[PDB]
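Here's a solo chain for you in C-alpha coordinates, the form deposited in one PDB entry.
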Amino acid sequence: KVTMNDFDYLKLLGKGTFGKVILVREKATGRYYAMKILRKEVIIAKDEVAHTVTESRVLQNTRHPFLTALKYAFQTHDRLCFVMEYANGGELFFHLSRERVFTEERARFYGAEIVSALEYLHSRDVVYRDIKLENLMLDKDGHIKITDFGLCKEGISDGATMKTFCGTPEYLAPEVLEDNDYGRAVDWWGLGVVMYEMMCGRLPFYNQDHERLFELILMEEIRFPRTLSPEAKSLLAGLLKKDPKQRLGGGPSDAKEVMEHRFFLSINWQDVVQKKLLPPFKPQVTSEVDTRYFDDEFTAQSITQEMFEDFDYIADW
(Lines of atoms letter the chains of each structure in order from A and count residues from 1; the text may use other names and numbers.)
(Lines give C-alpha, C1' and ligand atoms only; values in the text may rest on other atoms or scores of the structure.)
Protein backbone atom coordinates (compact mmCIF):
# COMPACT_ATOMS: atom_id res chain seq x y z
CA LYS A 1 0.00 0.00 0.00
CA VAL A 2 1.24 3.46 -1.08
CA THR A 3 0.49 6.93 0.32
CA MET A 4 1.40 10.56 -0.36
CA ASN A 5 3.57 10.40 2.83
CA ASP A 6 5.90 7.84 1.21
CA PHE A 7 7.38 10.70 -0.90
CA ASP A 8 9.27 14.00 -0.71
CA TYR A 9 7.76 16.53 -3.18
CA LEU A 10 10.60 18.52 -4.71
CA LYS A 11 9.79 20.47 -7.90
CA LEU A 12 6.88 21.09 -10.20
CA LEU A 13 7.83 19.65 -13.61
CA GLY A 14 4.57 20.31 -15.47
CA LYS A 15 1.00 21.48 -14.91
CA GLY A 16 -2.11 20.84 -17.06
CA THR A 17 -5.76 21.73 -16.38
CA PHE A 18 -6.47 18.23 -15.10
CA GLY A 19 -3.35 17.88 -12.91
CA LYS A 20 0.30 18.48 -12.13
CA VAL A 21 3.54 16.53 -12.34
CA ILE A 22 5.98 16.76 -9.46
CA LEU A 23 9.51 15.51 -9.07
CA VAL A 24 9.33 13.23 -5.97
CA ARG A 25 11.78 11.14 -3.96
CA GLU A 26 10.64 7.82 -2.51
CA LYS A 27 11.80 8.15 1.09
CA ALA A 28 12.43 4.44 1.81
CA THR A 29 14.65 3.97 -1.27
CA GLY A 30 16.09 7.44 -2.12
CA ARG A 31 14.78 6.97 -5.70
CA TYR A 32 13.32 9.77 -7.80
CA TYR A 33 10.17 9.52 -9.91
CA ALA A 34 7.69 11.80 -11.64
CA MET A 35 4.31 11.82 -9.90
CA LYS A 36 1.21 12.91 -11.81
CA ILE A 37 -1.36 14.15 -9.29
CA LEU A 38 -4.97 14.53 -10.46
CA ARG A 39 -7.90 15.81 -8.39
CA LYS A 40 -10.76 13.32 -8.30
CA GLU A 41 -13.46 16.01 -8.00
CA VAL A 42 -12.28 17.72 -11.14
CA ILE A 43 -11.75 14.44 -12.98
CA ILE A 44 -15.33 13.28 -12.18
CA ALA A 45 -17.14 16.59 -12.77
CA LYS A 46 -15.32 17.10 -16.14
CA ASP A 47 -15.96 13.57 -17.41
CA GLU A 48 -12.22 12.66 -17.55
CA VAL A 49 -12.71 9.34 -15.75
CA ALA A 50 -12.52 7.21 -18.89
CA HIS A 51 -9.29 8.90 -20.04
CA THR A 52 -7.73 8.50 -16.57
CA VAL A 53 -8.64 4.80 -16.33
CA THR A 54 -7.30 4.32 -19.87
CA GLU A 55 -3.96 5.95 -19.03
CA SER A 56 -3.77 3.64 -15.95
CA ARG A 57 -4.53 0.46 -17.96
CA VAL A 58 -2.16 1.36 -20.72
CA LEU A 59 0.63 2.09 -18.21
CA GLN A 60 -0.16 -1.18 -16.35
CA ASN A 61 -0.03 -3.27 -19.49
CA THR A 62 2.98 -1.84 -21.35
CA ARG A 63 6.73 -2.38 -21.00
CA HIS A 64 9.08 -0.86 -23.52
CA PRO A 65 12.28 1.20 -23.15
CA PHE A 66 10.85 4.20 -25.03
CA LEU A 67 7.61 4.41 -22.98
CA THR A 68 7.64 5.88 -19.51
CA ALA A 69 6.97 2.97 -17.08
CA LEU A 70 4.54 3.06 -14.15
CA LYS A 71 6.04 2.23 -10.75
CA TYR A 72 2.97 2.87 -8.57
CA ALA A 73 -0.56 4.04 -9.09
CA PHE A 74 -2.55 4.83 -5.96
CA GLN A 75 -5.42 6.94 -4.80
CA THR A 76 -6.49 8.91 -1.74
CA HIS A 77 -10.00 10.17 -0.94
CA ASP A 78 -9.49 13.22 -3.23
CA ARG A 79 -6.51 12.38 -5.54
CA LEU A 80 -5.19 9.95 -8.11
CA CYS A 81 -1.45 9.54 -8.33
CA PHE A 82 0.72 8.00 -11.00
CA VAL A 83 4.36 7.41 -9.98
CA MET A 84 6.37 7.04 -13.18
CA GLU A 85 9.92 6.90 -14.39
CA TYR A 86 11.39 10.43 -14.22
CA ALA A 87 12.61 11.69 -17.59
CA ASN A 88 15.52 14.02 -16.45
CA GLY A 89 16.17 15.48 -19.91
CA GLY A 90 12.83 17.22 -20.23
CA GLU A 91 10.64 17.50 -23.34
CA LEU A 92 11.89 17.44 -26.86
CA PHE A 93 9.94 20.68 -27.09
CA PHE A 94 12.44 22.23 -24.70
CA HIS A 95 15.41 21.16 -26.75
CA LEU A 96 14.04 21.99 -30.15
CA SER A 97 12.99 25.45 -29.02
CA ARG A 98 16.54 26.08 -27.79
CA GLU A 99 18.31 24.66 -30.86
CA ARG A 100 15.67 25.70 -33.45
CA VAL A 101 16.37 22.66 -35.62
CA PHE A 102 18.01 19.23 -35.33
CA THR A 103 20.43 17.64 -37.77
CA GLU A 104 18.92 14.86 -39.86
CA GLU A 105 21.01 12.28 -37.99
CA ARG A 106 19.69 13.49 -34.64
CA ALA A 107 16.09 13.54 -35.96
CA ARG A 108 16.67 10.02 -37.30
CA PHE A 109 17.77 8.71 -33.92
CA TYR A 110 14.66 10.14 -32.19
CA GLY A 111 12.40 9.15 -35.07
CA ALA A 112 13.59 5.53 -34.89
CA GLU A 113 12.88 5.34 -31.17
CA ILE A 114 9.43 6.79 -31.65
CA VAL A 115 8.78 4.29 -34.51
CA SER A 116 9.80 1.43 -32.18
CA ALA A 117 7.54 2.73 -29.42
CA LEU A 118 4.62 3.12 -31.92
CA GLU A 119 5.25 -0.36 -33.31
CA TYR A 120 5.17 -1.76 -29.81
CA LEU A 121 1.96 0.15 -28.97
CA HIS A 122 0.13 -0.97 -32.08
CA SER A 123 1.31 -4.54 -31.28
CA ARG A 124 -0.61 -4.19 -27.95
CA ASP A 125 -3.65 -2.94 -29.88
CA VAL A 126 -3.11 0.60 -28.63
CA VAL A 127 -3.37 3.73 -30.75
CA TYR A 128 -1.54 6.61 -29.05
CA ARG A 129 -3.25 9.55 -30.86
CA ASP A 130 -1.33 12.38 -29.22
CA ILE A 131 2.21 12.32 -30.68
CA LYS A 132 3.70 15.80 -30.13
CA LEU A 133 6.95 17.45 -28.94
CA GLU A 134 5.59 18.02 -25.42
CA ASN A 135 4.84 14.30 -24.91
CA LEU A 136 8.27 13.14 -26.11
CA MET A 137 10.76 13.27 -23.24
CA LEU A 138 14.40 12.46 -22.94
CA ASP A 139 15.66 10.23 -20.16
CA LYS A 140 18.97 10.64 -18.41
CA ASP A 141 20.82 8.79 -21.19
CA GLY A 142 19.20 10.77 -24.03
CA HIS A 143 16.65 8.17 -25.17
CA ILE A 144 13.04 8.96 -25.98
CA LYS A 145 10.37 8.33 -23.35
CA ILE A 146 6.71 8.79 -24.54
CA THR A 147 4.51 10.14 -21.77
CA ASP A 148 0.80 11.04 -21.34
CA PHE A 149 -1.36 8.06 -22.37
CA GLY A 150 -4.74 9.63 -21.60
CA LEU A 151 -5.88 9.85 -25.23
CA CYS A 152 -4.90 6.31 -26.14
CA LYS A 153 -7.54 3.95 -27.47
CA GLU A 154 -7.20 0.27 -26.60
CA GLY A 155 -8.36 -2.85 -28.42
CA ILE A 156 -7.52 -1.50 -31.89
CA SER A 157 -6.03 -4.23 -34.11
CA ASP A 158 -5.46 -4.31 -37.86
CA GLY A 159 -8.10 -2.06 -39.51
CA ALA A 160 -10.33 -1.37 -36.49
CA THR A 161 -11.45 2.28 -36.24
CA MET A 162 -12.12 5.02 -33.74
CA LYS A 163 -14.51 7.93 -33.55
CA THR A 164 -13.40 10.38 -30.86
CA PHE A 165 -12.39 13.85 -31.94
CA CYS A 166 -9.20 14.27 -29.88
CA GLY A 167 -5.48 14.97 -29.95
CA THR A 168 -3.81 18.35 -30.19
CA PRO A 169 -5.05 20.78 -32.88
CA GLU A 170 -1.74 21.48 -34.60
CA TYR A 171 -1.06 17.80 -34.81
CA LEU A 172 -4.44 16.45 -35.95
CA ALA A 173 -4.41 14.14 -38.95
CA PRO A 174 -6.69 15.23 -41.83
CA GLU A 175 -8.97 12.17 -41.48
CA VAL A 176 -9.73 13.16 -37.88
CA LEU A 177 -10.93 16.53 -39.27
CA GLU A 178 -13.48 14.64 -41.39
CA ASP A 179 -16.67 13.02 -40.07
CA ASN A 180 -16.98 9.42 -39.00
CA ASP A 181 -14.12 7.05 -38.09
CA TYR A 182 -10.35 6.71 -38.49
CA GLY A 183 -7.71 4.05 -38.01
CA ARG A 184 -4.30 3.67 -36.44
CA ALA A 185 -2.47 5.48 -39.24
CA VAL A 186 -3.16 8.73 -37.35
CA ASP A 187 0.01 7.88 -35.33
CA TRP A 188 2.20 8.02 -38.49
CA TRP A 189 0.77 11.42 -39.28
CA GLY A 190 1.82 12.60 -35.83
CA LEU A 191 5.33 11.16 -36.32
CA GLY A 192 5.54 13.13 -39.57
CA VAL A 193 4.62 16.37 -37.85
CA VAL A 194 7.26 15.87 -35.12
CA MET A 195 9.85 14.82 -37.66
CA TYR A 196 9.04 17.83 -39.81
CA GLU A 197 9.39 20.12 -36.74
CA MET A 198 12.73 18.45 -35.90
CA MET A 199 14.30 18.81 -39.37
CA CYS A 200 12.56 22.00 -40.64
CA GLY A 201 12.22 23.95 -37.40
CA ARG A 202 8.51 24.71 -37.54
CA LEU A 203 5.11 23.04 -37.70
CA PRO A 204 4.19 22.10 -41.23
CA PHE A 205 0.76 23.85 -40.76
CA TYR A 206 0.09 26.72 -38.44
CA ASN A 207 -2.47 29.40 -37.72
CA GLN A 208 -3.59 30.84 -34.35
CA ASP A 209 -7.21 30.48 -35.45
CA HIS A 210 -8.28 26.76 -35.28
CA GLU A 211 -10.64 27.20 -38.23
CA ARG A 212 -7.77 28.33 -40.48
CA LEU A 213 -5.41 25.75 -38.98
CA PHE A 214 -7.80 22.91 -39.78
CA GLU A 215 -8.22 24.19 -43.35
CA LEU A 216 -4.45 24.13 -43.82
CA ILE A 217 -4.19 20.60 -42.50
CA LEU A 218 -6.94 19.38 -44.83
CA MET A 219 -6.10 21.40 -47.91
CA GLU A 220 -2.56 22.91 -47.92
CA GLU A 221 0.46 21.20 -49.43
CA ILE A 222 3.60 21.03 -47.32
CA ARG A 223 6.79 22.77 -48.25
CA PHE A 224 10.32 21.71 -47.66
CA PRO A 225 13.59 23.57 -47.25
CA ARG A 226 15.61 23.29 -50.50
CA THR A 227 18.53 21.71 -48.67
CA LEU A 228 16.55 18.92 -46.94
CA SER A 229 18.01 15.60 -48.17
CA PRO A 230 15.88 13.81 -50.80
CA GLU A 231 15.40 10.93 -48.29
CA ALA A 232 14.09 13.30 -45.57
CA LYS A 233 11.77 15.02 -48.11
CA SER A 234 10.48 11.62 -49.14
CA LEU A 235 9.98 10.45 -45.51
CA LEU A 236 8.08 13.67 -44.62
CA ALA A 237 5.94 13.57 -47.78
CA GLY A 238 5.17 9.91 -47.01
CA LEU A 239 4.12 10.43 -43.38
CA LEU A 240 2.24 13.63 -44.09
CA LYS A 241 0.19 12.12 -46.94
CA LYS A 242 -3.32 13.41 -46.27
CA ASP A 243 -5.04 10.13 -47.27
CA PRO A 244 -4.19 7.57 -44.52
CA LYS A 245 -4.45 4.69 -47.06
CA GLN A 246 -1.63 6.30 -49.11
CA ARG A 247 0.33 7.33 -46.00
CA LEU A 248 3.68 5.73 -45.12
CA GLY A 249 2.62 3.39 -42.32
CA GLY A 250 -0.96 3.55 -43.53
CA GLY A 251 -0.93 0.18 -45.30
CA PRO A 252 -1.45 -3.31 -43.84
CA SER A 253 2.14 -3.63 -42.53
CA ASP A 254 1.86 -0.49 -40.39
CA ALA A 255 5.25 0.30 -38.75
CA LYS A 256 7.19 -1.99 -41.07
CA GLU A 257 6.55 0.40 -43.99
CA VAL A 258 8.04 3.28 -42.01
CA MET A 259 11.00 1.18 -40.85
CA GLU A 260 11.69 0.22 -44.47
CA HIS A 261 11.79 3.77 -45.77
CA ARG A 262 15.17 4.81 -47.28
CA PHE A 263 15.49 7.58 -44.63
CA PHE A 264 15.98 4.78 -42.09
CA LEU A 265 18.36 2.65 -44.26
CA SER A 266 21.20 3.05 -41.73
CA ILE A 267 19.06 1.86 -38.78
CA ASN A 268 19.30 -1.64 -37.24
CA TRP A 269 15.78 -1.94 -35.86
CA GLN A 270 16.55 -4.92 -33.65
CA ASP A 271 19.30 -2.83 -32.00
CA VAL A 272 17.10 0.28 -31.56
CA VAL A 273 15.00 -1.41 -28.92
CA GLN A 274 18.09 -2.88 -27.24
CA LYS A 275 19.55 0.65 -26.88
CA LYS A 276 22.94 -0.11 -28.36
CA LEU A 277 23.08 3.19 -30.28
CA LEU A 278 24.97 6.06 -28.50
CA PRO A 279 22.38 8.86 -28.23
CA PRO A 280 23.27 12.07 -30.02
CA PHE A 281 22.79 14.22 -26.86
CA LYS A 282 23.17 13.28 -23.18
CA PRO A 283 21.42 15.63 -20.72
CA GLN A 284 24.12 17.37 -18.69
CA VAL A 285 22.39 17.29 -15.28
CA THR A 286 24.61 17.53 -12.21
CA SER A 287 22.21 15.82 -9.78
CA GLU A 288 18.96 13.92 -9.74
CA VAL A 289 17.23 17.15 -8.58
CA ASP A 290 18.66 19.30 -11.42
CA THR A 291 15.63 20.38 -13.49
CA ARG A 292 17.59 22.51 -16.00
CA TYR A 293 15.78 20.88 -18.96
CA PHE A 294 12.39 21.98 -17.66
CA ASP A 295 10.86 25.43 -17.93
CA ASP A 296 11.46 27.96 -15.08
CA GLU A 297 7.81 28.78 -15.62
CA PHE A 298 7.05 25.45 -13.87
CA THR A 299 10.14 24.69 -11.74
CA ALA A 300 10.10 28.07 -9.91
CA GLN A 301 6.54 27.44 -8.66
CA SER A 302 6.31 26.35 -5.00
CA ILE A 303 4.34 23.31 -3.94
CA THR A 304 2.40 23.92 -0.75
CA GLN A 305 -14.19 3.83 -5.61
CA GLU A 306 -16.00 1.50 -8.07
CA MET A 307 -15.42 4.11 -10.82
CA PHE A 308 -11.63 3.75 -10.22
CA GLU A 309 -11.56 -0.07 -9.95
CA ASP A 310 -8.72 -0.76 -12.46
CA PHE A 311 -6.55 2.13 -11.11
CA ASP A 312 -4.26 1.00 -8.30
CA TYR A 313 -1.04 -0.82 -9.22
CA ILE A 314 2.42 -1.85 -8.01
CA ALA A 315 5.05 -2.80 -10.63
CA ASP A 316 7.09 -6.01 -10.55
CA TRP A 317 10.29 -3.94 -11.09
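We call the rigid core whatever largest set of C-alpha positions still superposes within 1.5 Å between the two forms. Positions refer to the first chain, counted from 1. Compared with the form deposited in another entry:
Core-superposed comparison between these two forms: among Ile114, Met195, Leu80, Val127, the single residue whose C-alpha moves by 2 Å or more is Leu80.
Positional change of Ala28 between these two forms reaches 2 Å or more at the C-alpha, relative to the superposed core.
A movement of the C-alpha atom of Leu277 falling short of 2 angstroms is seen between these two forms when the two forms are aligned on their rigid core. Here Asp209 counts as shifted, since its C-alpha moves by at least 2 Å between these two forms after the core is aligned.
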Second form
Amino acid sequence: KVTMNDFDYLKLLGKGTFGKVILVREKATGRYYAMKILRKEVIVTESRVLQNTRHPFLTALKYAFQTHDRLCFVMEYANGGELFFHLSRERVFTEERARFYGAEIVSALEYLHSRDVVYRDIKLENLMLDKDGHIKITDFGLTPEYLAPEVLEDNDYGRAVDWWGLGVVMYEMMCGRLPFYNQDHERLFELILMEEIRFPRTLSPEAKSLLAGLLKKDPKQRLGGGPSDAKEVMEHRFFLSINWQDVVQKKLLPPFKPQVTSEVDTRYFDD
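With the form deposited in one PDB entry already on screen, would you show the form deposited in another entry?
Below you will find a single chain and nothing else.
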Protein backbone atom coordinates (compact mmCIF):
# COMPACT_ATOMS: atom_id res chain seq x y z
CA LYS A 1 0.00 0.00 0.00
CA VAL A 2 1.78 3.10 -1.33
CA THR A 3 1.72 6.33 0.67
CA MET A 4 3.31 9.76 0.52
CA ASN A 5 5.81 8.66 3.15
CA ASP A 6 7.09 5.82 0.97
CA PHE A 7 8.72 8.43 -1.31
CA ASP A 8 11.34 11.16 -1.24
CA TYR A 9 10.73 14.45 -3.05
CA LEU A 10 13.29 15.54 -5.65
CA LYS A 11 11.89 18.14 -7.96
CA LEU A 12 8.96 19.60 -9.79
CA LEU A 13 8.35 18.12 -13.22
CA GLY A 14 5.10 19.87 -14.06
CA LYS A 15 2.14 21.88 -12.75
CA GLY A 16 -1.39 22.44 -14.11
CA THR A 17 -5.12 23.17 -14.05
CA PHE A 18 -5.35 19.54 -12.91
CA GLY A 19 -2.50 19.31 -10.39
CA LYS A 20 1.21 18.67 -10.71
CA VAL A 21 3.85 16.06 -11.38
CA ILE A 22 6.68 15.66 -8.90
CA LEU A 23 9.87 13.66 -9.45
CA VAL A 24 10.13 11.31 -6.45
CA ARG A 25 12.22 8.34 -5.31
CA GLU A 26 10.59 5.21 -3.85
CA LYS A 27 12.38 4.99 -0.48
CA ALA A 28 12.31 1.20 -0.26
CA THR A 29 13.94 0.31 -3.55
CA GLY A 30 15.57 3.51 -4.71
CA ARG A 31 13.97 3.56 -8.13
CA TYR A 32 12.64 6.83 -9.62
CA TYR A 33 9.02 7.61 -10.47
CA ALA A 34 7.12 10.68 -11.51
CA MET A 35 4.18 11.36 -9.22
CA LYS A 36 1.10 12.94 -10.75
CA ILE A 37 -0.88 14.70 -7.99
CA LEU A 38 -4.47 15.67 -8.85
CA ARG A 39 -6.75 17.98 -6.82
CA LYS A 40 -9.97 16.04 -6.02
CA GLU A 41 -11.38 19.57 -6.04
CA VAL A 42 -10.63 20.07 -9.74
CA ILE A 43 -11.86 16.74 -11.10
CA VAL A 44 -11.71 8.58 -15.52
CA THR A 45 -10.63 8.51 -19.18
CA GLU A 46 -7.12 9.02 -17.76
CA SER A 47 -6.98 6.72 -14.74
CA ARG A 48 -8.13 3.08 -14.96
CA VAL A 49 -7.72 3.16 -18.75
CA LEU A 50 -4.00 3.94 -18.57
CA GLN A 51 -3.57 1.91 -15.38
CA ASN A 52 -4.12 -1.46 -17.06
CA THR A 53 -2.75 -0.42 -20.49
CA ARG A 54 0.79 -1.74 -20.66
CA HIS A 55 3.16 -1.12 -23.60
CA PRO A 56 6.90 -0.96 -24.40
CA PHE A 57 6.60 2.71 -25.32
CA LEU A 58 3.79 3.91 -23.04
CA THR A 59 4.77 5.03 -19.56
CA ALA A 60 3.54 2.51 -16.97
CA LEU A 61 1.48 3.35 -13.91
CA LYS A 62 3.35 1.83 -11.01
CA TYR A 63 1.03 2.66 -8.07
CA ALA A 64 -2.26 4.48 -7.70
CA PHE A 65 -3.43 5.77 -4.35
CA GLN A 66 -5.47 8.55 -2.86
CA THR A 67 -5.22 10.95 0.02
CA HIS A 68 -8.27 12.44 1.69
CA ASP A 69 -8.10 15.42 -0.64
CA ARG A 70 -6.14 14.28 -3.72
CA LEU A 71 -5.46 11.55 -6.25
CA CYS A 72 -1.94 10.24 -6.84
CA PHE A 73 -0.43 8.29 -9.73
CA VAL A 74 3.14 7.16 -9.11
CA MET A 75 4.52 6.41 -12.55
CA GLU A 76 7.69 5.11 -14.16
CA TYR A 77 10.22 7.74 -15.23
CA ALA A 78 12.37 7.43 -18.36
CA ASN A 79 15.88 8.67 -17.63
CA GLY A 80 17.11 9.21 -21.15
CA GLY A 81 16.12 12.88 -21.25
CA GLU A 82 13.40 14.38 -23.41
CA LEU A 83 13.13 14.21 -27.15
CA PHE A 84 12.49 17.93 -27.29
CA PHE A 85 15.82 18.29 -25.43
CA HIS A 86 17.87 16.08 -27.76
CA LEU A 87 16.14 17.46 -30.87
CA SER A 88 17.16 21.01 -29.99
CA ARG A 89 20.77 19.92 -29.45
CA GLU A 90 20.72 18.82 -33.07
CA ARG A 91 18.34 21.23 -34.83
CA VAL A 92 17.06 18.29 -36.94
CA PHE A 93 17.08 14.48 -36.87
CA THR A 94 17.72 12.05 -39.73
CA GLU A 95 14.79 10.88 -41.80
CA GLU A 96 15.68 7.54 -40.24
CA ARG A 97 16.25 8.60 -36.66
CA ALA A 98 12.92 10.33 -36.95
CA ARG A 99 11.47 7.17 -38.49
CA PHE A 100 12.89 5.13 -35.63
CA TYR A 101 10.84 7.20 -33.17
CA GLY A 102 7.95 7.60 -35.55
CA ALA A 103 7.73 3.82 -35.58
CA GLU A 104 7.81 3.22 -31.83
CA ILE A 105 5.10 5.85 -31.59
CA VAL A 106 3.01 4.27 -34.37
CA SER A 107 3.19 1.02 -32.40
CA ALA A 108 2.01 2.66 -29.18
CA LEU A 109 -0.89 4.20 -31.00
CA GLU A 110 -1.96 1.08 -32.78
CA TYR A 111 -2.16 -0.63 -29.43
CA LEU A 112 -4.21 2.20 -27.90
CA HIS A 113 -6.57 2.52 -30.81
CA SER A 114 -7.14 -1.22 -30.76
CA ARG A 115 -8.29 -0.81 -27.17
CA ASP A 116 -10.51 1.99 -28.50
CA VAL A 117 -8.52 4.75 -26.70
CA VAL A 118 -7.62 8.09 -28.27
CA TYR A 119 -4.38 9.36 -26.89
CA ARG A 120 -5.04 13.12 -27.49
CA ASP A 121 -1.54 14.10 -26.34
CA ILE A 122 0.91 12.90 -28.95
CA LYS A 123 3.30 15.83 -29.08
CA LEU A 124 7.04 16.48 -28.79
CA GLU A 125 6.79 17.58 -25.17
CA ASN A 126 5.24 14.28 -24.13
CA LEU A 127 8.21 12.31 -25.58
CA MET A 128 11.16 10.99 -23.60
CA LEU A 129 13.92 8.41 -24.18
CA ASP A 130 14.70 5.58 -21.75
CA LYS A 131 18.23 4.64 -20.59
CA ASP A 132 18.50 2.70 -23.86
CA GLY A 133 17.31 5.22 -26.44
CA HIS A 134 13.79 3.81 -26.74
CA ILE A 135 10.89 6.27 -26.81
CA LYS A 136 8.51 6.69 -23.91
CA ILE A 137 5.27 8.56 -24.51
CA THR A 138 4.70 10.33 -21.21
CA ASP A 139 1.43 11.74 -19.85
CA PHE A 140 2.20 15.40 -19.16
CA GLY A 141 4.08 18.54 -20.15
CA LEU A 142 7.53 19.41 -18.83
CA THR A 143 5.45 25.94 -27.01
CA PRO A 144 2.53 26.79 -29.41
CA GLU A 145 -0.30 24.24 -29.30
CA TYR A 146 -1.02 22.46 -32.56
CA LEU A 147 -4.39 20.82 -32.05
CA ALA A 148 -5.85 18.82 -34.95
CA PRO A 149 -8.11 20.94 -37.11
CA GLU A 150 -11.13 18.78 -36.29
CA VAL A 151 -10.39 19.53 -32.65
CA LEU A 152 -10.36 23.28 -33.47
CA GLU A 153 -13.45 23.34 -35.67
CA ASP A 154 -15.59 20.74 -33.94
CA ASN A 155 -13.95 19.82 -30.67
CA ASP A 156 -13.84 16.31 -32.19
CA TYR A 157 -11.22 13.98 -30.63
CA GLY A 158 -11.37 10.76 -32.65
CA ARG A 159 -8.54 8.34 -33.56
CA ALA A 160 -7.31 10.66 -36.31
CA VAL A 161 -6.09 13.36 -33.91
CA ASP A 162 -3.37 10.94 -32.79
CA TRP A 163 -2.01 10.72 -36.30
CA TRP A 164 -2.02 14.46 -36.65
CA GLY A 165 -0.01 14.63 -33.45
CA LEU A 166 2.28 12.06 -34.97
CA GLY A 167 2.75 14.04 -38.11
CA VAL A 168 3.32 17.39 -36.41
CA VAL A 169 5.88 15.59 -34.24
CA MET A 170 7.77 14.00 -37.03
CA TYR A 171 7.57 17.24 -39.01
CA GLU A 172 9.41 19.04 -36.26
CA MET A 173 11.90 16.21 -36.20
CA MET A 174 12.90 16.11 -39.85
CA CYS A 175 12.43 19.90 -40.23
CA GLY A 176 13.62 21.28 -36.86
CA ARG A 177 10.72 23.69 -36.61
CA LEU A 178 6.92 23.67 -36.45
CA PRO A 179 4.97 23.93 -39.70
CA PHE A 180 4.26 27.60 -38.99
CA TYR A 181 7.26 28.36 -36.73
CA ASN A 182 7.69 31.93 -37.96
CA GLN A 183 4.23 33.40 -38.68
CA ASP A 184 3.15 35.45 -35.62
CA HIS A 185 1.36 32.92 -33.38
CA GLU A 186 -2.16 34.28 -32.96
CA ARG A 187 -2.38 33.29 -36.60
CA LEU A 188 -2.49 29.61 -35.60
CA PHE A 189 -6.26 29.00 -35.37
CA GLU A 190 -6.72 30.24 -38.97
CA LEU A 191 -3.43 28.76 -40.20
CA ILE A 192 -3.93 25.18 -39.02
CA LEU A 193 -7.43 25.24 -40.39
CA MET A 194 -6.98 26.97 -43.74
CA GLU A 195 -3.26 27.15 -44.55
CA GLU A 196 -1.31 24.63 -46.62
CA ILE A 197 1.64 23.22 -44.71
CA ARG A 198 4.86 23.58 -46.67
CA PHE A 199 7.89 21.26 -46.64
CA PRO A 200 11.67 21.75 -46.99
CA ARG A 201 13.04 20.98 -50.46
CA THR A 202 15.72 18.81 -48.79
CA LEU A 203 13.22 16.07 -47.80
CA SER A 204 12.90 12.56 -49.26
CA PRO A 205 9.78 12.47 -51.48
CA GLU A 206 8.41 9.69 -49.25
CA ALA A 207 8.92 11.73 -46.06
CA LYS A 208 7.20 14.65 -47.79
CA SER A 209 4.65 11.96 -48.56
CA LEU A 210 4.06 10.95 -44.96
CA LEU A 211 3.71 14.44 -43.51
CA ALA A 212 1.57 15.60 -46.37
CA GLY A 213 -0.68 12.74 -45.21
CA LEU A 214 -0.40 12.80 -41.47
CA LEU A 215 -1.38 16.48 -41.79
CA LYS A 216 -4.43 16.31 -44.01
CA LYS A 217 -6.89 18.77 -42.48
CA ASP A 218 -9.83 16.49 -43.16
CA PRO A 219 -9.65 13.71 -40.57
CA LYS A 220 -11.56 11.48 -42.97
CA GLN A 221 -8.75 11.94 -45.47
CA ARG A 222 -5.71 11.86 -43.15
CA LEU A 223 -3.25 8.98 -43.29
CA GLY A 224 -4.40 6.67 -40.49
CA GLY A 225 -7.80 8.27 -40.60
CA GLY A 226 -9.18 5.40 -42.63
CA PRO A 227 -11.02 2.35 -41.17
CA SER A 228 -7.69 0.50 -41.39
CA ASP A 229 -6.17 2.95 -38.88
CA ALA A 230 -2.49 2.35 -38.05
CA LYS A 231 -2.12 0.01 -41.02
CA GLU A 232 -2.14 2.83 -43.51
CA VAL A 233 0.67 4.42 -41.51
CA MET A 234 2.63 1.19 -41.07
CA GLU A 235 2.24 0.42 -44.76
CA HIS A 236 3.32 3.77 -46.10
CA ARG A 237 6.15 4.38 -48.53
CA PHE A 238 8.13 5.99 -45.68
CA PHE A 239 7.81 2.84 -43.58
CA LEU A 240 9.04 0.00 -45.82
CA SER A 241 12.29 -0.75 -43.95
CA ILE A 242 10.18 -1.63 -40.95
CA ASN A 243 9.77 -4.80 -38.92
CA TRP A 244 6.62 -3.88 -37.04
CA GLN A 245 7.24 -6.98 -34.93
CA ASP A 246 10.75 -5.89 -34.08
CA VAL A 247 9.40 -2.53 -32.97
CA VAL A 248 7.14 -3.72 -30.17
CA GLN A 249 9.91 -6.14 -29.31
CA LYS A 250 12.45 -3.34 -28.68
CA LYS A 251 14.51 -5.46 -31.05
CA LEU A 252 15.49 -2.38 -33.04
CA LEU A 253 18.63 -0.49 -32.08
CA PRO A 254 18.19 3.09 -30.90
CA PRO A 255 20.21 5.27 -33.33
CA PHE A 256 21.31 7.28 -30.31
CA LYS A 257 21.95 6.03 -26.84
CA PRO A 258 21.50 8.43 -23.93
CA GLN A 259 24.44 8.56 -21.53
CA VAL A 260 23.26 6.80 -18.36
CA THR A 261 24.76 3.85 -16.43
CA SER A 262 21.66 2.48 -14.73
CA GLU A 263 18.13 3.85 -14.95
CA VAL A 264 19.09 5.30 -11.57
CA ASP A 265 21.60 7.57 -13.29
CA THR A 266 20.19 11.02 -12.54
CA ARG A 267 22.06 13.23 -14.98
CA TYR A 268 19.30 14.07 -17.45
CA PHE A 269 17.51 15.55 -14.42
CA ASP A 270 18.57 19.19 -14.95
CA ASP A 271 18.85 21.30 -18.13
